[PDB]
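S.K.: Given next are the chains, with one letter for each unit.
6 protein chains.
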Amino acid sequence: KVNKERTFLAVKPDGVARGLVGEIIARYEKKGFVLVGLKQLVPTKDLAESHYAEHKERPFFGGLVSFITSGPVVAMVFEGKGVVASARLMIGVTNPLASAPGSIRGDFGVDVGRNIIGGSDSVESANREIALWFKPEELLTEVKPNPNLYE
Amino acid sequence: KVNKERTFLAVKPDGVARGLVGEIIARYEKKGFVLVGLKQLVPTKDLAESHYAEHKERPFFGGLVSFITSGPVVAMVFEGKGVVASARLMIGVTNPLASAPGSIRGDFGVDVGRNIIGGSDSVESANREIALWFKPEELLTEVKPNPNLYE
Amino acid sequence: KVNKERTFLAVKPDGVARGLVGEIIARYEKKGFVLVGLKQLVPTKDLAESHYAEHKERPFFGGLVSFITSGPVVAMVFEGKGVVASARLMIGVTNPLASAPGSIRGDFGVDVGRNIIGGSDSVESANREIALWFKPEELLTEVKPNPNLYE
Amino acid sequence: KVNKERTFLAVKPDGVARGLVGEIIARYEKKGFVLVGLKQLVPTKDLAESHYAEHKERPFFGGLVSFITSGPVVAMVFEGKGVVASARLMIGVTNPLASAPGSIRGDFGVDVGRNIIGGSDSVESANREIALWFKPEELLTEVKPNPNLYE
Amino acid sequence: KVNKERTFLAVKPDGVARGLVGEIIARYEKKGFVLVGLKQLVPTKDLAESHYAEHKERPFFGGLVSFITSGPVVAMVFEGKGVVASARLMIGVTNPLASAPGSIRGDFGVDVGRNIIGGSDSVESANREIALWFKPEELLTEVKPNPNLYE
Amino acid sequence: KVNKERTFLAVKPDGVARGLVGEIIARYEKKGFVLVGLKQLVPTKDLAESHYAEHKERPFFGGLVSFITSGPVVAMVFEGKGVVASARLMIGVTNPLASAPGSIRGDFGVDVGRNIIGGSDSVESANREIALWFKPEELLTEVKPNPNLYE
Ligand SMILES: C[C@H](Cn1cnc2c(N)ncnc21)OC[P@](=O)(S)OP(=O)(O)OP(=O)(O)O
Ligand SMILES: C[C@H](Cn1cnc2c(N)ncnc21)OC[P@](=O)(S)OP(=O)(O)OP(=O)(O)O
Ligand SMILES: C[C@H](Cn1cnc2c(N)ncnc21)OC[P@](=O)(S)OP(=O)(O)OP(=O)(O)O
Ligand SMILES: C[C@H](Cn1cnc2c(N)ncnc21)OC[P@](=O)(S)OP(=O)(O)OP(=O)(O)O
Ligand SMILES: C[C@H](Cn1cnc2c(N)ncnc21)OC[P@](=O)(S)OP(=O)(O)OP(=O)(O)O
Ligand SMILES: C[C@H](Cn1cnc2c(N)ncnc21)OC[P@](=O)(S)OP(=O)(O)OP(=O)(O)O
Numbered sequence: 005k006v007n008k009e010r011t012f013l014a015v016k017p018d019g020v021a022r023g024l025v026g027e028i029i030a031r032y033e034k035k036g037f038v039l040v041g042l043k044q045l046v047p048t049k050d051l052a053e054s055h056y057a058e059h060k061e062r063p064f065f066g067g068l069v070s071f072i073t074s075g076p077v078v079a080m081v082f083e084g085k086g087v088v089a090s091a092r093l094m095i096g097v098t099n100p101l102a103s104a105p106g107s108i109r110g111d112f113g114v115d116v117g118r119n120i121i122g123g124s125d126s127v128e129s130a131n132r133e134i135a136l137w138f139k140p141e142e143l144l145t146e147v148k149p150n151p152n153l154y155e
Numbered sequence: 005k006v007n008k009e010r011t012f013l014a015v016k017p018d019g020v021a022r023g024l025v026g027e028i029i030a031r032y033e034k035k036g037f038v039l040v041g042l043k044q045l046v047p048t049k050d051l052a053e054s055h056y057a058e059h060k061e062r063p064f065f066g067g068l069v070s071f072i073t074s075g076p077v078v079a080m081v082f083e084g085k086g087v088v089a090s091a092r093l094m095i096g097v098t099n100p101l102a103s104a105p106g107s108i109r110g111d112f113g114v115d116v117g118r119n120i121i122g123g124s125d126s127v128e129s130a131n132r133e134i135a136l137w138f139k140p141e142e143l144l145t146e147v148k149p150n151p152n153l154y155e
Numbered sequence: 005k006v007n008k009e010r011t012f013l014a015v016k017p018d019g020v021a022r023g024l025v026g027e028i029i030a031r032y033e034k035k036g037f038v039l040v041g042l043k044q045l046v047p048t049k050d051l052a053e054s055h056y057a058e059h060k061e062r063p064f065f066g067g068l069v070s071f072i073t074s075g076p077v078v079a080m081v082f083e084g085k086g087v088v089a090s091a092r093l094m095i096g097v098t099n100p101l102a103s104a105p106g107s108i109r110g111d112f113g114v115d116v117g118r119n120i121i122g123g124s125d126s127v128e129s130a131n132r133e134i135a136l137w138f139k140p141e142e143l144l145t146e147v148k149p150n151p152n153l154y155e
Numbered sequence: 005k006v007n008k009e010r011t012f013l014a015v016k017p018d019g020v021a022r023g024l025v026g027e028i029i030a031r032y033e034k035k036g037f038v039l040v041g042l043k044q045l046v047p048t049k050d051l052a053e054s055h056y057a058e059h060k061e062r063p064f065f066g067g068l069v070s071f072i073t074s075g076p077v078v079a080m081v082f083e084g085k086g087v088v089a090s091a092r093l094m095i096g097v098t099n100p101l102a103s104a105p106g107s108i109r110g111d112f113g114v115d116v117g118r119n120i121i122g123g124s125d126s127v128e129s130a131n132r133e134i135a136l137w138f139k140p141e142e143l144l145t146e147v148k149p150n151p152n153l154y155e
Numbered sequence: 005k006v007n008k009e010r011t012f013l014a015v016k017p018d019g020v021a022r023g024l025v026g027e028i029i030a031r032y033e034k035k036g037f038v039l040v041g042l043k044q045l046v047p048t049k050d051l052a053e054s055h056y057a058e059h060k061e062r063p064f065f066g067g068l069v070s071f072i073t074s075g076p077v078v079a080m081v082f083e084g085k086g087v088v089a090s091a092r093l094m095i096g097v098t099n100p101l102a103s104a105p106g107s108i109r110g111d112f113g114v115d116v117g118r119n120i121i122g123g124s125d126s127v128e129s130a131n132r133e134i135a136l137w138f139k140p141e142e143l144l145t146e147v148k149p150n151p152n153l154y155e
Numbered sequence: 005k006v007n008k009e010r011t012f013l014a015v016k017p018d019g020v021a022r023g024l025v026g027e028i029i030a031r032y033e034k035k036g037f038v039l040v041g042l043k044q045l046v047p048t049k050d051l052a053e054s055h056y057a058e059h060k061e062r063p064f065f066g067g068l069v070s071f072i073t074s075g076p077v078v079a080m081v082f083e084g085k086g087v088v089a090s091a092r093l094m095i096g097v098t099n100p101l102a103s104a105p106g107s108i109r110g111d112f113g114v115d116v117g118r119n120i121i122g123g124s125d126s127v128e129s130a131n132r133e134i135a136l137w138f139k140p141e142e143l144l145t146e147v148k149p150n151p152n153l154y155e
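Protein chains in written order, with PDB author numbering: chain B, 5 to 155; chain A, 5 to 155; chain D, 5 to 155; chain E, 5 to 155; chain F, 5 to 155; chain C, 5 to 155.
Accuracy of the hints is not assured; some may be wrong.
It does not matter which identical chain is used: a pair holds within one copy or between any two.
Claimed, not checked - The list that follows gives simulated cross-link-like pairs (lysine-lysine, DSSO-like), each with its CA atoms no further than 27 angstroms apart:
1) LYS34 to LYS49
2) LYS60 to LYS139
3) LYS43 to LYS148
4) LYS85 to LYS8
5) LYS148 to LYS49
6) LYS85 to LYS34
7) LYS34 to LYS5
8) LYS5 to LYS60
9) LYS139 to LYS49
Calculated directly from the structure, the hints in this document are not laboratory data.
Could you put the whole structure together from the sequences, leaning on the hints where they help?
M.R.: Structure representation (structure tokens):
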């Protein structure tokens, strides 16, 4: 279906430390997106390096890897129609200072390096990120569509 | 006045079923718009066709008419300066996935067919919609202006 | 059955004027109680005296009648298991200053005469109050059983 | 330490289905309790029976084991001073209708069978429940004491 | 009248450092209590000792003085009927773990030493505390009574 | 250096009277901006004219001066990276009706004359406004950077 689209979201160590996990989950739940995977973990260097592989050649890659592996991360997978692009709109933009009020980064962030949450940029990136962070057993298979949310 | 402008708003069956009525009323109350009419009802095919008349030649007309009659609707009328255009901005856009975080559809909707709330598109549409859903007795006549909201 | 119990609730002129209608409705909706009746109206002296009949010989009767008729009131009917005793608990006690934080009066009221909301004191009072404020046509007959709320 | 006390909390299938996971996590985070374990899973009949082992001879045991395995559950472990007793106070009482406004069950529940969340009744039950639902690797070891929350 | 009663409230350094100032102020404003004095300051040892004078011979006195001077404090004065006792009820009890959900300490605190906010225990203590923290010029004199909050 | 930027914000008499002080302070605190100055006062014509000096020859100058002196104002100073531009984004635009939902004016305002809060338009205007409303003693000097908010 088109309503079975999935995105990977990570509440970064700064979002976890600031106690924003519930606030964030509650925003995606109110939207109508279904939580199909959820876990708290301290990421390994390998998970971090494979996750941010598009920034591997840039000077700040080291710091990104160090910071995401510096403390607990809440990894989640949400399912819904256009969940990839929608989840991103809900987060805001790279710079939290330029992110609109009402968005996660707009409401809670001030620094690019401490930008609370990260989401998949595309359906291809999502499917790769989901497989990396989660095992098939850790993901829901039975997802009954809400007739209140979908026509 | 100007500040006596009125708009018609309908919390659709999906918005009532999902328990979003108070959430929605609170947003317009916080804004400074005065509730001049309020009721819960199951709309008739008669009322629905008349309400959705601007789309009577479109292929989706029947579907809009079927859905708005499928369960209880919370019908309301708000009064304030630029309430028609403002109420619409507060709702978001046709596609809830494209609606900005901070708006009703932006925060709670995923599908065009399940887009929670509908509002008048113009002052002319509002005056027609208000007369169609409400009787003069069901509307407030005495509206004292709040000196904290109006200069 | 027992989950089909109904209570009458009135957001008094002070609760309406202060813009607390959406806040209050959202509280009962969150709880799992179903809205089966809703309307805004300016009560007549006849409706006000009939409503406050149990206190018709008390010195404060006139004052209660004068205030409930002084502006718009939001009249509602909620359905659920033990809704009568549960709505009262959610409201708090007669004196809002003695009402616990978390209740409507505890969170928003300071005066007995400006105590925002009133609810039915018993199933008997509820059935009488509902018939007095609402016509059978104004009340839902089809109430969808929620399997997440009720075992 | 005393501040290193841990409790096991489960958002039951009804709490997950109603989209209350984030609302719940936010409440414990706002309090100052640290999340040390988190996961979503559909529990097996075995894990449910071992979890509800204290009631294995009671007539309602079967019903509790059937319901907790009927859909996804969000399993969590929180750390803090008096977290076992405090989480329970935050949840409310067995009957959500008797639970005080401000508590989780007092704000969102109407039925004993659909009472959203369950928490450990003691430190001994917590240590057993934590070991039963989580592997030592799934739980945090490094827990930074907040000098704003602890003297 | 008796609606002119005043209380002194202090958001302690832990309260301020955790970013609970606006949350706390919103609660008293929603209640109907009028803010008649407000300031942020780092208290001097002299002001701290004078404030905590009733406990000057207790073993914990030193610790209370050390902590209230360790960082910024948001000092405020609220006016309204029974504001002294009501403000205390809103705060909760000495131990935040024993404080009811819905109270400031019940919702946000875990430790007696980090109990976010302090309020006057009596009208006599309030009048003394107000004079100690505020100059007559720093306090409002013109307080128009809200007819929506007082009969 | 860059994270030490400061802005001046004034919750205008309309914002104070509508009890919005707590809501506003919370928004800036959630964001990660540090409150370095805070006070409630009734501004003098001298302070008002100096504050609104950039518009001293515009026809609306008198109206702005009259209104900001008509009741209590909550003056505050926030510190953070890009706080001047970010605080304006959080306020919205001049016309609250055109302000996006999620912004303060977008969420609570209807009139240009009653637009709840004013903020510095530039770093130069901020430094001037801060020195005008606050004495150096009234401002924090020791501001430890939060490692959860800054890289
Ligand atoms: C490129 C970004 C931001 N970033 C971190 N440090 C720096 C830095 N020093 N210079 C520039 N950019 C930086 O890193 C990943 P993230 O924060 S998950 O995501 P996003 O939502 O921004 O998005 P996408 O476009 O990666 O999906
Ligand atoms: C024409 C629209 C949208 N729409 C619903 N289904 C479809 C569909 N199948 N194809 C196209 N458009 C669709 O219907 C009305 P509504 O949802 S109250 O919203 P609006 O706020 O956009 O309204 P207005 O702009 O007319 O006020
Ligand atoms: C007798 C009560 C209390 N009361 C109101 N004004 C006064 C007054 N001036 N002197 C004394 N008592 C007063 O009046 C009804 P109400 O306010 S709808 O509701 P309740 O929910 O508290 O209760 P119940 O009456 O339905 O049990
Ligand atoms: C025995 C308890 C209570 N209870 C639930 N259904 C029934 C029922 N049908 N008959 C009797 N008792 C019942 O079951 C677990 P729970 O629902 S998580 O609740 P709790 O958090 O209140 O309790 P505890 O186990 O920590 O005390
Ligand atoms: C003596 C009391 C209690 N107390 C604080 N720390 C300690 C401590 N370490 N050991 C014992 N007792 C302590 O101190 C004041 P506070 O904390 S504002 O609270 P309150 O609500 O009790 O009120 P009041 O005293 O203003 O009435
Ligand atoms: C010039 C503005 C707006 N303004 C008020 N009345 C009028 C009026 N009658 N005609 C035009 N403009 C008016 O005055 C300041 P303020 O209201 S704090 O707004 P802002 O914070 O959006 O401001 P800035 O600092 O960016 O200007």
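S.K.: Mind listing which of the numbered hints don't hold for this structure, in increasing order?
M.R.: 1, 8
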